[PDB]
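Okay, here we've got a single chain as C-alpha coordinates, the form deposited in one PDB entry, with questions on binding and movement later.
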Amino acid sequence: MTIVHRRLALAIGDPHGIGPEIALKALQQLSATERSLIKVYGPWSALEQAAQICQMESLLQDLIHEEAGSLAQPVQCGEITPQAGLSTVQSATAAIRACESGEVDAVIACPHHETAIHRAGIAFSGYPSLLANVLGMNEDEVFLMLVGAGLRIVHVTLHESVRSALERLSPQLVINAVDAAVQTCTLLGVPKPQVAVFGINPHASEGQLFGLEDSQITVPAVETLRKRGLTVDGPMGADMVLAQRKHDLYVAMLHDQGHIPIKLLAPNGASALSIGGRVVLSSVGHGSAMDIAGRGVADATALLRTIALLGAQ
(Lines of atoms letter the chains of each structure in order from A and count residues from 1; the text may use other names and numbers.)
(Lines give C-alpha, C1' and ligand atoms only; values in the text may rest on other atoms or scores of the structure.)
Protein backbone atom coordinates (compact mmCIF):
# COMPACT_ATOMS: atom_id res chain seq x y z
CA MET A 1 0.00 0.00 0.00
CA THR A 2 1.81 3.08 -1.37
CA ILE A 3 1.01 6.32 0.47
CA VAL A 4 4.00 8.48 -0.58
CA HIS A 5 3.70 9.73 -4.16
CA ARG A 6 6.15 12.65 -3.98
CA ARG A 7 9.24 14.15 -2.33
CA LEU A 8 8.77 15.33 1.25
CA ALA A 9 10.94 16.92 3.91
CA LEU A 10 10.58 15.57 7.45
CA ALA A 11 12.00 17.78 10.18
CA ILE A 12 12.39 15.60 13.29
CA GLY A 13 11.34 18.41 15.65
CA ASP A 14 12.67 18.56 19.20
CA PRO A 15 15.61 16.09 19.33
CA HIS A 16 14.99 15.43 23.04
CA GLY A 17 11.31 14.56 22.43
CA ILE A 18 9.57 11.66 20.70
CA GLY A 19 10.02 13.36 17.30
CA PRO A 20 13.13 11.33 16.31
CA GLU A 21 11.50 8.07 17.50
CA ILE A 22 8.22 8.52 15.59
CA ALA A 23 10.21 9.65 12.54
CA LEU A 24 12.02 6.31 12.50
CA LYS A 25 8.88 4.31 13.34
CA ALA A 26 6.95 5.97 10.48
CA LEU A 27 9.78 5.48 7.94
CA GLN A 28 10.17 1.86 9.10
CA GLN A 29 6.63 1.12 7.88
CA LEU A 30 7.12 2.40 4.31
CA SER A 31 8.78 0.62 1.38
CA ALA A 32 12.38 1.26 0.32
CA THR A 33 10.96 3.28 -2.59
CA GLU A 34 8.74 5.42 -0.33
CA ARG A 35 11.59 6.02 2.14
CA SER A 36 13.83 7.46 -0.58
CA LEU A 37 11.15 10.10 -1.33
CA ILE A 38 11.39 11.39 2.27
CA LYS A 39 14.42 13.53 3.14
CA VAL A 40 15.03 13.82 6.90
CA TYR A 41 16.26 17.09 8.43
CA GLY A 42 17.71 17.10 11.94
CA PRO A 43 20.78 16.20 14.08
CA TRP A 44 22.16 12.77 13.24
CA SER A 45 22.99 12.15 16.92
CA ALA A 46 19.27 12.23 17.74
CA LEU A 47 18.45 9.72 15.01
CA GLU A 48 21.26 7.44 16.21
CA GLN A 49 19.83 7.63 19.73
CA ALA A 50 16.32 6.72 18.57
CA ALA A 51 17.78 3.90 16.45
CA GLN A 52 19.37 2.27 19.54
CA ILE A 53 16.15 2.51 21.56
CA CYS A 54 13.72 1.29 18.85
CA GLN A 55 16.37 -1.17 17.55
CA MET A 56 16.34 0.12 13.97
CA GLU A 57 20.04 0.78 13.32
CA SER A 58 19.71 -1.06 9.98
CA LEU A 59 17.33 1.68 8.83
CA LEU A 60 19.78 4.59 9.21
CA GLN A 61 21.90 3.22 6.36
CA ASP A 62 19.19 3.74 3.75
CA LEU A 63 17.93 7.10 5.08
CA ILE A 64 18.14 10.22 2.93
CA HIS A 65 19.40 12.80 5.39
CA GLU A 66 20.67 16.35 5.80
CA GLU A 67 22.32 17.41 9.06
CA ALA A 68 20.40 20.32 10.58
CA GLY A 69 20.23 21.73 14.10
CA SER A 70 23.37 19.94 15.22
CA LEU A 71 23.93 19.65 18.97
CA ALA A 72 26.97 20.73 20.99
CA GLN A 73 26.50 17.97 23.58
CA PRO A 74 24.94 14.49 23.90
CA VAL A 75 21.18 14.18 23.48
CA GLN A 76 19.25 14.32 26.75
CA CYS A 77 16.02 12.40 26.13
CA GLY A 78 13.18 13.90 28.14
CA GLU A 79 14.98 17.15 29.01
CA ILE A 80 13.78 20.63 28.00
CA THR A 81 16.88 22.59 26.91
CA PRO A 82 17.43 25.76 24.81
CA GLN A 83 19.79 23.84 22.51
CA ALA A 84 17.00 21.38 21.65
CA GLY A 85 14.83 24.46 21.05
CA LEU A 86 17.26 25.92 18.52
CA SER A 87 17.71 22.46 16.96
CA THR A 88 13.93 22.30 16.35
CA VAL A 89 13.77 25.66 14.58
CA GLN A 90 16.91 24.95 12.51
CA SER A 91 15.60 21.60 11.26
CA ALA A 92 12.24 23.08 10.33
CA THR A 93 14.05 26.01 8.63
CA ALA A 94 16.31 23.66 6.67
CA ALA A 95 13.23 21.68 5.64
CA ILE A 96 11.19 24.78 4.75
CA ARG A 97 14.05 26.10 2.56
CA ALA A 98 14.26 22.76 0.74
CA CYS A 99 10.56 23.23 -0.06
CA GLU A 100 11.13 26.88 -1.04
CA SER A 101 13.93 25.87 -3.41
CA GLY A 102 11.83 23.08 -4.97
CA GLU A 103 13.99 20.21 -3.69
CA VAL A 104 10.85 18.83 -1.99
CA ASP A 105 7.14 19.44 -2.57
CA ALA A 106 5.94 19.77 1.05
CA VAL A 107 7.20 19.63 4.64
CA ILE A 108 6.21 17.67 7.75
CA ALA A 109 7.34 18.85 11.21
CA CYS A 110 7.59 16.38 14.08
CA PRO A 111 6.70 17.82 17.51
CA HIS A 112 8.42 20.85 19.03
CA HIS A 113 8.49 22.00 22.64
CA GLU A 114 7.55 25.68 23.04
CA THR A 115 9.31 26.24 26.35
CA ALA A 116 12.49 24.90 24.76
CA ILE A 117 12.21 27.27 21.81
CA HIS A 118 11.40 30.20 24.10
CA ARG A 119 14.43 29.57 26.33
CA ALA A 120 16.61 29.67 23.21
CA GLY A 121 15.45 33.28 22.88
CA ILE A 122 13.41 32.58 19.73
CA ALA A 123 10.07 34.20 18.95
CA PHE A 124 7.67 31.38 18.10
CA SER A 125 3.87 31.72 17.91
CA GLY A 126 3.16 28.61 15.80
CA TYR A 127 4.27 27.32 12.38
CA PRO A 128 2.32 30.00 10.39
CA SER A 129 4.64 32.58 12.00
CA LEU A 130 7.85 30.60 11.48
CA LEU A 131 6.96 30.02 7.86
CA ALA A 132 6.51 33.75 7.23
CA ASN A 133 9.73 34.86 8.94
CA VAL A 134 11.77 32.24 7.06
CA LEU A 135 10.23 32.94 3.65
CA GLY A 136 10.26 36.74 4.08
CA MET A 137 6.49 37.27 4.17
CA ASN A 138 4.10 39.22 6.40
CA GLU A 139 2.47 36.88 8.95
CA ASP A 140 -0.90 38.06 7.55
CA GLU A 141 0.02 36.54 4.13
CA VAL A 142 0.38 33.01 5.63
CA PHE A 143 -2.70 30.91 6.53
CA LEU A 144 -3.65 27.72 8.41
CA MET A 145 -5.75 24.99 6.77
CA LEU A 146 -7.19 22.26 9.03
CA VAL A 147 -7.88 18.90 7.36
CA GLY A 148 -9.83 16.04 8.94
CA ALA A 149 -12.83 13.78 8.21
CA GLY A 150 -13.14 14.86 4.55
CA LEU A 151 -13.22 18.57 5.53
CA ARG A 152 -10.66 21.15 4.42
CA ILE A 153 -10.99 24.61 6.00
CA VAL A 154 -8.49 27.45 5.41
CA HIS A 155 -8.84 30.28 7.97
CA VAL A 156 -8.40 33.90 6.85
CA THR A 157 -7.69 35.01 10.43
CA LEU A 158 -6.49 32.81 13.29
CA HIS A 159 -4.91 33.33 16.69
CA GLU A 160 -6.13 36.82 17.62
CA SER A 161 -9.16 38.32 19.39
CA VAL A 162 -12.44 38.22 17.43
CA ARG A 163 -12.54 42.04 17.37
CA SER A 164 -8.91 42.21 16.20
CA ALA A 165 -9.78 39.75 13.38
CA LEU A 166 -12.80 41.77 12.22
CA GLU A 167 -10.66 44.93 12.17
CA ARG A 168 -8.16 43.09 9.92
CA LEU A 169 -10.58 41.32 7.52
CA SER A 170 -10.51 42.69 3.95
CA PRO A 171 -11.43 41.58 0.37
CA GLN A 172 -7.72 41.09 -0.37
CA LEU A 173 -7.01 39.04 2.76
CA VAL A 174 -9.80 36.63 1.79
CA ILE A 175 -8.65 36.41 -1.84
CA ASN A 176 -5.16 35.60 -0.54
CA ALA A 177 -6.46 32.83 1.70
CA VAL A 178 -8.35 31.19 -1.16
CA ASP A 179 -5.36 31.45 -3.55
CA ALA A 180 -3.12 29.87 -0.89
CA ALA A 181 -5.65 27.11 -0.14
CA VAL A 182 -6.26 26.40 -3.86
CA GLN A 183 -2.52 25.95 -4.53
CA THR A 184 -2.50 23.65 -1.46
CA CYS A 185 -5.48 21.66 -2.80
CA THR A 186 -3.43 20.81 -5.92
CA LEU A 187 -0.85 19.18 -3.62
CA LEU A 188 -3.54 17.28 -1.69
CA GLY A 189 -4.82 15.67 -4.92
CA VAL A 190 -7.84 17.86 -5.76
CA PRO A 191 -6.69 19.99 -8.77
CA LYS A 192 -9.69 22.23 -9.46
CA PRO A 193 -11.76 22.38 -6.23
CA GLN A 194 -15.26 23.53 -5.29
CA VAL A 195 -14.96 26.45 -2.85
CA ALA A 196 -17.41 27.69 -0.21
CA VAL A 197 -16.78 30.99 1.58
CA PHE A 198 -18.25 31.32 5.08
CA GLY A 199 -20.02 34.50 6.07
CA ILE A 200 -18.45 36.69 8.74
CA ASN A 201 -21.86 37.25 10.32
CA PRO A 202 -24.71 34.78 10.94
CA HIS A 203 -26.55 33.77 7.76
CA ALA A 204 -23.73 35.63 5.90
CA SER A 205 -25.21 38.93 7.18
CA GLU A 206 -28.58 38.04 5.55
CA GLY A 207 -27.97 40.69 2.91
CA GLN A 208 -27.18 43.54 5.29
CA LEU A 209 -29.78 42.71 7.96
CA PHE A 210 -27.19 41.30 10.40
CA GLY A 211 -24.26 43.69 9.74
CA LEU A 212 -22.50 45.29 6.80
CA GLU A 213 -19.26 43.29 6.91
CA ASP A 214 -20.18 40.59 4.37
CA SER A 215 -21.26 43.09 1.69
CA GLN A 216 -17.94 44.92 2.11
CA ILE A 217 -15.58 41.94 2.39
CA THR A 218 -16.75 38.46 1.44
CA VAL A 219 -19.15 39.45 -1.34
CA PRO A 220 -16.59 41.60 -3.33
CA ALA A 221 -13.91 38.94 -2.78
CA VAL A 222 -16.11 36.14 -4.18
CA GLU A 223 -17.01 38.24 -7.25
CA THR A 224 -13.32 38.97 -7.92
CA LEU A 225 -12.50 35.26 -7.59
CA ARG A 226 -15.28 34.14 -9.94
CA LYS A 227 -14.10 36.69 -12.57
CA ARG A 228 -10.62 35.08 -12.46
CA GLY A 229 -12.45 31.81 -13.20
CA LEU A 230 -12.71 29.97 -9.86
CA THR A 231 -15.80 27.93 -8.86
CA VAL A 232 -16.78 29.77 -5.65
CA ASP A 233 -20.10 29.74 -3.79
CA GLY A 234 -20.88 32.20 -1.02
CA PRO A 235 -20.74 33.98 1.23
CA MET A 236 -23.21 31.64 2.94
CA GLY A 237 -23.86 30.95 6.63
CA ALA A 238 -21.14 28.59 7.86
CA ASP A 239 -23.66 26.31 9.59
CA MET A 240 -25.78 25.76 6.49
CA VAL A 241 -22.99 25.36 3.89
CA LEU A 242 -20.88 22.93 5.94
CA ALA A 243 -23.92 20.70 6.47
CA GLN A 244 -24.41 20.27 2.69
CA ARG A 245 -20.96 18.57 2.59
CA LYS A 246 -20.43 19.20 -1.14
CA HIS A 247 -17.33 21.41 -1.40
CA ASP A 248 -13.67 20.42 -1.44
CA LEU A 249 -12.59 23.57 0.41
CA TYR A 250 -14.36 25.76 2.95
CA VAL A 251 -13.03 29.25 3.76
CA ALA A 252 -13.54 30.26 7.40
CA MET A 253 -13.38 33.90 8.55
CA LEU A 254 -12.61 33.22 12.23
CA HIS A 255 -10.55 30.54 14.04
CA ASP A 256 -13.60 29.01 15.76
CA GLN A 257 -15.73 28.76 12.61
CA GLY A 258 -13.34 26.22 11.11
CA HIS A 259 -11.91 24.68 14.30
CA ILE A 260 -15.29 23.68 15.84
CA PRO A 261 -16.43 21.31 13.02
CA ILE A 262 -12.95 19.82 12.55
CA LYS A 263 -12.34 18.84 16.18
CA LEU A 264 -15.92 17.53 16.49
CA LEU A 265 -15.77 15.12 13.53
CA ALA A 266 -12.03 14.32 13.77
CA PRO A 267 -11.41 14.98 17.50
CA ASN A 268 -8.03 13.25 17.54
CA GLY A 269 -6.56 13.12 14.06
CA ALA A 270 -6.84 16.49 12.33
CA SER A 271 -3.79 17.76 10.46
CA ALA A 272 -2.81 21.43 10.62
CA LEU A 273 -1.25 22.72 7.38
CA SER A 274 0.50 26.10 7.33
CA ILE A 275 0.48 27.46 3.77
CA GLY A 276 2.55 30.35 2.42
CA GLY A 277 3.96 30.70 -1.08
CA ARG A 278 4.61 27.19 -2.45
CA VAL A 279 5.47 25.82 1.01
CA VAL A 280 2.98 23.58 2.79
CA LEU A 281 4.06 22.58 6.32
CA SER A 282 2.09 20.14 8.50
CA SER A 283 2.55 19.48 12.18
CA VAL A 284 1.79 16.12 13.68
CA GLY A 285 -1.29 16.50 15.91
CA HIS A 286 0.48 15.82 19.23
CA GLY A 287 3.21 17.11 21.56
CA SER A 288 6.88 16.24 22.13
CA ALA A 289 5.83 13.87 24.96
CA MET A 290 8.91 14.54 27.08
CA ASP A 291 7.56 12.12 29.71
CA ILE A 292 8.05 9.12 27.38
CA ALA A 293 10.95 10.36 25.24
CA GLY A 294 13.61 7.68 25.02
CA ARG A 295 11.19 5.07 26.42
CA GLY A 296 10.26 3.91 22.91
CA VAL A 297 6.47 3.58 23.27
CA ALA A 298 5.31 6.48 21.06
CA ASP A 299 2.87 5.98 18.18
CA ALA A 300 3.74 6.99 14.62
CA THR A 301 0.09 6.75 13.48
CA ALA A 302 -0.38 10.54 13.61
CA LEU A 303 2.86 10.97 11.69
CA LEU A 304 1.91 8.30 9.11
CA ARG A 305 -1.51 9.91 8.67
CA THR A 306 0.20 13.22 7.88
CA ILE A 307 2.57 11.60 5.37
CA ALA A 308 -0.43 9.91 3.71
CA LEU A 309 -2.14 13.30 3.48
CA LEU A 310 0.71 15.40 2.05
CA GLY A 311 1.87 12.49 -0.13
CA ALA A 312 -1.24 11.51 -2.10
CA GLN A 313 -1.58 12.19 -5.85
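Residue numbers count along the first chain shown, from 1. Between two forms, the rigid core is defined as the largest C-alpha subset superposing within 1.5 Å. First, how it differs from the form deposited in another entry.
Comparing the chain between these two forms, the rigid parts pivot at a hinge, and of the candidates 91, 280, 258, 200 the one placed there is 280. Here the chain moves as two rigid blocks between these two forms; the smaller block's rotation against the larger, from C-alpha superpositions, is 9°.
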Contents of the next structure:
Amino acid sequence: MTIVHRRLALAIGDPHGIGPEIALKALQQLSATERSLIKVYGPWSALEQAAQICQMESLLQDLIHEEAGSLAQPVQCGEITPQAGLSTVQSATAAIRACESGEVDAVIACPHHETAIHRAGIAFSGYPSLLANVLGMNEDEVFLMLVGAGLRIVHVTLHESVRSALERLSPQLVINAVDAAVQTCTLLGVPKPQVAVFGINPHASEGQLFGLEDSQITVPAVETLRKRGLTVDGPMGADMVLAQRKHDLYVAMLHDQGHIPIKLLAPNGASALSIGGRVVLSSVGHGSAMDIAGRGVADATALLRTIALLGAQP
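Other form of same protein, the form deposited in another entry, not the form deposited in one PDB entry:
Shown below: the chain alone.
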Protein backbone atom coordinates (compact mmCIF):
# COMPACT_ATOMS: atom_id res chain seq x y z
CA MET A 1 0.00 0.00 0.00
CA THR A 2 1.19 3.43 -1.14
CA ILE A 3 1.02 6.42 1.21
CA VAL A 4 3.17 9.03 -0.63
CA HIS A 5 1.42 10.55 -3.67
CA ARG A 6 3.35 13.83 -4.04
CA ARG A 7 6.70 15.53 -3.49
CA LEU A 8 7.65 16.24 0.13
CA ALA A 9 10.50 17.70 2.15
CA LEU A 10 11.60 15.94 5.33
CA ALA A 11 13.77 18.04 7.63
CA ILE A 12 15.36 15.60 10.04
CA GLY A 13 15.10 17.83 13.12
CA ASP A 14 17.69 17.82 15.88
CA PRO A 15 20.63 15.68 14.61
CA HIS A 16 21.43 14.48 18.14
CA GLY A 17 17.84 13.34 18.70
CA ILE A 18 15.84 10.43 17.26
CA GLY A 19 14.89 12.46 14.17
CA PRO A 20 17.63 11.04 11.86
CA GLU A 21 16.87 7.56 13.18
CA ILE A 22 13.13 7.75 12.51
CA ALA A 23 13.68 9.49 9.15
CA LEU A 24 15.57 6.39 7.92
CA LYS A 25 13.14 3.92 9.52
CA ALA A 26 10.20 5.59 7.72
CA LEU A 27 11.89 5.78 4.31
CA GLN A 28 12.99 2.15 4.79
CA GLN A 29 9.33 1.17 4.78
CA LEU A 30 8.45 3.08 1.62
CA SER A 31 8.82 1.69 -1.90
CA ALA A 32 11.51 2.90 -4.31
CA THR A 33 9.10 5.22 -6.16
CA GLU A 34 7.78 6.66 -2.88
CA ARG A 35 11.35 7.39 -1.76
CA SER A 36 12.10 9.50 -4.82
CA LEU A 37 9.31 11.92 -3.85
CA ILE A 38 10.85 12.65 -0.43
CA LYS A 39 13.79 15.04 -0.36
CA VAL A 40 15.59 14.82 3.00
CA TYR A 41 17.01 18.02 4.49
CA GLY A 42 19.69 17.80 7.17
CA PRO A 43 23.39 17.07 7.85
CA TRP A 44 24.63 14.00 5.99
CA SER A 45 26.89 13.15 8.93
CA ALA A 46 23.82 12.58 11.18
CA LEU A 47 22.13 10.27 8.68
CA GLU A 48 25.41 8.32 8.37
CA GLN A 49 25.54 7.96 12.19
CA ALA A 50 21.95 6.68 12.36
CA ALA A 51 22.57 4.34 9.40
CA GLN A 52 25.45 2.47 11.09
CA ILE A 53 23.52 2.16 14.36
CA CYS A 54 20.25 0.87 12.81
CA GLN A 55 22.34 -0.99 10.17
CA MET A 56 20.69 0.71 7.19
CA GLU A 57 23.72 1.76 5.12
CA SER A 58 22.18 0.18 2.00
CA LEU A 59 19.42 2.84 2.04
CA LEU A 60 21.58 6.01 1.97
CA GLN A 61 22.31 5.69 -1.76
CA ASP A 62 18.58 5.69 -2.55
CA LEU A 63 17.89 8.82 -0.47
CA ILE A 64 17.35 12.12 -2.27
CA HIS A 65 19.17 14.56 -0.01
CA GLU A 66 20.26 18.19 0.35
CA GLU A 67 22.93 19.11 2.90
CA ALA A 68 21.61 21.57 5.48
CA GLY A 69 22.61 22.37 9.04
CA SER A 70 26.06 20.83 8.68
CA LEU A 71 27.96 20.30 11.93
CA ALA A 72 31.61 21.20 12.58
CA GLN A 73 32.19 18.23 14.90
CA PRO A 74 31.00 14.56 14.98
CA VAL A 75 27.45 13.79 16.04
CA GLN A 76 27.00 13.35 19.81
CA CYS A 77 23.80 11.29 20.26
CA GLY A 78 21.66 12.32 23.23
CA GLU A 79 23.49 15.63 23.86
CA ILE A 80 21.85 19.07 23.94
CA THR A 81 24.26 21.45 22.15
CA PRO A 82 23.90 24.90 20.48
CA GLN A 83 25.26 23.29 17.29
CA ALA A 84 22.38 20.86 16.97
CA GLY A 85 20.02 23.72 17.80
CA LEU A 86 21.27 25.60 14.75
CA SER A 87 21.28 22.47 12.57
CA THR A 88 17.57 21.90 13.30
CA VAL A 89 16.56 25.41 12.23
CA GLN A 90 18.78 25.44 9.13
CA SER A 91 17.39 22.08 8.03
CA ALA A 92 13.80 23.18 8.59
CA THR A 93 14.61 26.47 6.85
CA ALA A 94 16.04 24.62 3.84
CA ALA A 95 12.92 22.45 3.66
CA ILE A 96 10.52 25.38 3.84
CA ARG A 97 12.27 27.41 1.11
CA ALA A 98 12.06 24.32 -1.09
CA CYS A 99 8.28 24.36 -0.51
CA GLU A 100 8.07 28.13 -1.12
CA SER A 101 9.90 27.87 -4.45
CA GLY A 102 7.72 24.94 -5.56
CA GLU A 103 10.29 22.13 -5.50
CA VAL A 104 8.01 20.30 -3.04
CA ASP A 105 4.32 20.56 -2.13
CA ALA A 106 4.63 20.21 1.66
CA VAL A 107 7.11 19.83 4.51
CA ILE A 108 7.45 17.50 7.47
CA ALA A 109 9.79 18.51 10.31
CA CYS A 110 11.14 15.75 12.60
CA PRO A 111 11.52 16.68 16.33
CA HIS A 112 13.48 19.69 17.61
CA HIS A 113 14.83 20.45 21.09
CA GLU A 114 13.66 23.88 22.33
CA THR A 115 16.60 24.23 24.75
CA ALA A 116 19.16 23.41 22.05
CA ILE A 117 17.69 26.06 19.75
CA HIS A 118 17.54 28.64 22.54
CA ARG A 119 21.16 27.94 23.50
CA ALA A 120 22.19 28.90 19.95
CA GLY A 121 20.56 32.30 20.60
CA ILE A 122 17.63 31.61 18.26
CA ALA A 123 14.05 32.72 18.93
CA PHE A 124 11.67 29.78 18.62
CA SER A 125 8.05 29.81 19.81
CA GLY A 126 6.86 27.01 17.48
CA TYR A 127 6.60 26.18 13.76
CA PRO A 128 3.80 28.75 13.04
CA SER A 129 6.29 31.44 14.07
CA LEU A 130 9.35 29.94 12.35
CA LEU A 131 7.44 29.50 9.09
CA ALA A 132 6.24 33.11 9.15
CA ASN A 133 9.76 34.37 9.90
CA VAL A 134 11.31 32.31 7.09
CA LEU A 135 8.71 33.43 4.50
CA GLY A 136 8.75 37.12 5.49
CA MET A 137 5.12 37.18 6.66
CA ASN A 138 3.54 38.39 9.90
CA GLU A 139 2.68 35.62 12.36
CA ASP A 140 -1.08 36.27 11.82
CA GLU A 141 -0.82 35.57 8.05
CA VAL A 142 0.06 31.95 8.86
CA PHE A 143 -2.80 29.88 10.18
CA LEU A 144 -2.78 26.71 12.27
CA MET A 145 -4.99 23.80 11.28
CA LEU A 146 -5.34 20.98 13.83
CA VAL A 147 -6.29 17.57 12.36
CA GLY A 148 -7.46 14.60 14.41
CA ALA A 149 -10.38 12.16 14.81
CA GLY A 150 -11.88 13.18 11.46
CA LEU A 151 -11.90 16.88 12.46
CA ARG A 152 -10.10 19.62 10.58
CA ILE A 153 -10.20 23.00 12.33
CA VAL A 154 -8.35 26.04 11.02
CA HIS A 155 -8.03 28.99 13.40
CA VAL A 156 -8.35 32.62 12.30
CA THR A 157 -6.49 33.76 15.42
CA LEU A 158 -4.23 31.71 17.64
CA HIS A 159 -1.69 32.48 20.39
CA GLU A 160 -2.94 35.86 21.67
CA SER A 161 -5.36 37.24 24.27
CA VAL A 162 -9.05 36.79 23.52
CA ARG A 163 -9.58 40.56 23.49
CA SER A 164 -6.60 41.12 21.16
CA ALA A 165 -8.09 38.49 18.85
CA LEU A 166 -11.51 40.18 18.80
CA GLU A 167 -9.86 43.50 17.86
CA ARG A 168 -7.93 41.89 14.97
CA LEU A 169 -10.88 39.98 13.49
CA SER A 170 -12.07 41.24 10.10
CA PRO A 171 -13.97 39.79 7.07
CA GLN A 172 -10.66 39.65 5.19
CA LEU A 173 -8.82 37.73 7.93
CA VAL A 174 -11.55 35.09 7.91
CA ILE A 175 -11.42 34.85 4.12
CA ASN A 176 -7.64 34.37 4.18
CA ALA A 177 -7.89 31.55 6.75
CA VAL A 178 -10.50 29.64 4.72
CA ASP A 179 -8.64 30.11 1.42
CA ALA A 180 -5.46 28.82 3.07
CA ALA A 181 -7.38 25.91 4.62
CA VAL A 182 -9.28 24.90 1.46
CA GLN A 183 -5.98 24.83 -0.46
CA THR A 184 -4.60 22.69 2.40
CA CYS A 185 -7.73 20.49 2.14
CA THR A 186 -6.96 19.64 -1.53
CA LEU A 187 -3.53 18.43 -0.43
CA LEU A 188 -5.03 16.42 2.43
CA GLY A 189 -7.24 14.71 -0.17
CA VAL A 190 -10.58 16.61 0.05
CA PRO A 191 -10.82 18.72 -3.15
CA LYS A 192 -14.35 20.15 -2.80
CA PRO A 193 -14.89 20.42 0.99
CA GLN A 194 -18.00 21.17 3.03
CA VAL A 195 -17.05 24.09 5.30
CA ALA A 196 -18.46 25.33 8.61
CA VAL A 197 -17.68 28.73 10.14
CA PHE A 198 -17.92 29.20 13.92
CA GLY A 199 -19.55 32.30 15.37
CA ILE A 200 -17.43 34.73 17.37
CA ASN A 201 -20.26 35.13 19.86
CA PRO A 202 -22.45 32.41 21.43
CA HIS A 203 -25.10 31.16 18.98
CA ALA A 204 -23.29 33.25 16.32
CA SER A 205 -24.64 36.41 17.94
CA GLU A 206 -28.16 35.01 17.35
CA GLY A 207 -28.56 37.63 14.62
CA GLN A 208 -27.39 40.65 16.65
CA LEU A 209 -28.92 39.71 20.03
CA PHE A 210 -25.55 38.73 21.58
CA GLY A 211 -23.25 41.32 19.97
CA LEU A 212 -22.69 42.81 16.51
CA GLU A 213 -19.37 41.06 15.78
CA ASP A 214 -20.89 38.21 13.79
CA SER A 215 -22.95 40.51 11.56
CA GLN A 216 -19.85 42.64 10.85
CA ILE A 217 -17.27 39.86 10.39
CA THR A 218 -18.45 36.26 9.87
CA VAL A 219 -21.74 36.90 8.03
CA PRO A 220 -20.09 39.14 5.32
CA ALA A 221 -17.19 36.69 5.01
CA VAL A 222 -19.47 33.66 4.40
CA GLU A 223 -21.39 35.50 1.68
CA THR A 224 -18.17 36.51 -0.16
CA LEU A 225 -16.89 32.90 0.00
CA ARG A 226 -20.16 31.54 -1.44
CA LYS A 227 -20.06 34.06 -4.32
CA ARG A 228 -16.64 32.64 -5.30
CA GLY A 229 -18.38 29.24 -5.30
CA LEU A 230 -17.47 27.51 -2.03
CA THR A 231 -19.83 25.27 -0.02
CA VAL A 232 -20.05 27.14 3.30
CA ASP A 233 -22.59 27.04 6.14
CA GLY A 234 -22.63 29.61 8.96
CA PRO A 235 -21.85 31.39 11.06
CA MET A 236 -23.27 28.94 13.56
CA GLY A 237 -22.56 28.45 17.28
CA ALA A 238 -19.40 26.34 17.53
CA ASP A 239 -20.99 23.91 19.99
CA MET A 240 -23.98 23.14 17.77
CA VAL A 241 -22.04 22.73 14.48
CA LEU A 242 -19.27 20.44 15.73
CA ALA A 243 -21.94 18.16 17.22
CA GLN A 244 -23.52 17.55 13.78
CA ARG A 245 -20.15 16.16 12.55
CA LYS A 246 -21.01 16.68 8.86
CA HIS A 247 -18.29 19.04 7.57
CA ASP A 248 -14.74 18.47 6.27
CA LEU A 249 -13.41 21.78 7.64
CA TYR A 250 -14.43 23.91 10.62
CA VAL A 251 -13.28 27.53 10.95
CA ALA A 252 -12.63 28.55 14.55
CA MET A 253 -12.45 32.21 15.56
CA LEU A 254 -10.47 31.73 18.79
CA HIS A 255 -7.78 29.28 19.91
CA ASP A 256 -9.88 27.48 22.53
CA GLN A 257 -12.87 27.04 20.21
CA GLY A 258 -10.76 24.71 18.03
CA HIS A 259 -8.30 23.21 20.55
CA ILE A 260 -10.86 21.88 23.05
CA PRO A 261 -12.63 19.57 20.53
CA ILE A 262 -9.29 18.30 19.23
CA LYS A 263 -7.51 17.54 22.52
CA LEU A 264 -10.62 15.85 23.91
CA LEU A 265 -11.23 13.54 20.92
CA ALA A 266 -7.69 12.96 19.61
CA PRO A 267 -5.43 12.88 22.72
CA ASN A 268 -2.72 11.14 20.79
CA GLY A 269 -3.20 10.85 17.02
CA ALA A 270 -3.40 14.56 16.12
CA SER A 271 -1.45 16.73 13.67
CA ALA A 272 -0.64 20.46 13.75
CA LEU A 273 -0.48 21.96 10.23
CA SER A 274 1.06 25.42 9.88
CA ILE A 275 -0.06 26.92 6.55
CA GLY A 276 1.48 29.88 4.69
CA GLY A 277 1.91 30.67 1.00
CA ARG A 278 1.85 27.24 -0.62
CA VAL A 279 3.66 25.87 2.44
CA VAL A 280 2.01 23.20 4.60
CA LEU A 281 4.33 22.32 7.51
CA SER A 282 3.57 19.55 10.01
CA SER A 283 5.50 18.23 12.99
CA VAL A 284 5.59 14.63 14.03
CA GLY A 285 3.60 14.51 17.26
CA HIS A 286 6.43 13.79 19.73
CA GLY A 287 9.70 15.06 21.28
CA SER A 288 13.35 14.41 20.34
CA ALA A 289 13.83 11.76 23.06
CA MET A 290 17.49 12.53 23.81
CA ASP A 291 17.95 9.66 26.30
CA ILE A 292 17.23 6.94 23.70
CA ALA A 293 18.88 8.75 20.78
CA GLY A 294 20.83 6.18 18.76
CA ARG A 295 19.60 3.29 20.96
CA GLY A 296 17.23 1.67 18.41
CA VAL A 297 14.15 2.12 20.62
CA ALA A 298 12.19 4.65 18.57
CA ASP A 299 9.84 3.67 15.74
CA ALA A 300 8.65 5.90 12.94
CA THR A 301 4.87 5.35 13.27
CA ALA A 302 4.22 9.01 14.09
CA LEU A 303 6.33 10.14 11.15
CA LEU A 304 4.66 7.65 8.79
CA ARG A 305 1.20 8.77 9.94
CA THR A 306 2.25 12.36 9.12
CA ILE A 307 3.56 11.37 5.67
CA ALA A 308 0.31 9.49 4.95
CA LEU A 309 -1.59 12.65 5.91
CA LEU A 310 0.36 15.12 3.72
CA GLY A 311 0.85 12.53 0.96
CA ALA A 312 -2.80 11.60 0.23
CA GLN A 313 -3.82 11.65 -3.42
CA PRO A 314 -6.43 14.10 -4.82
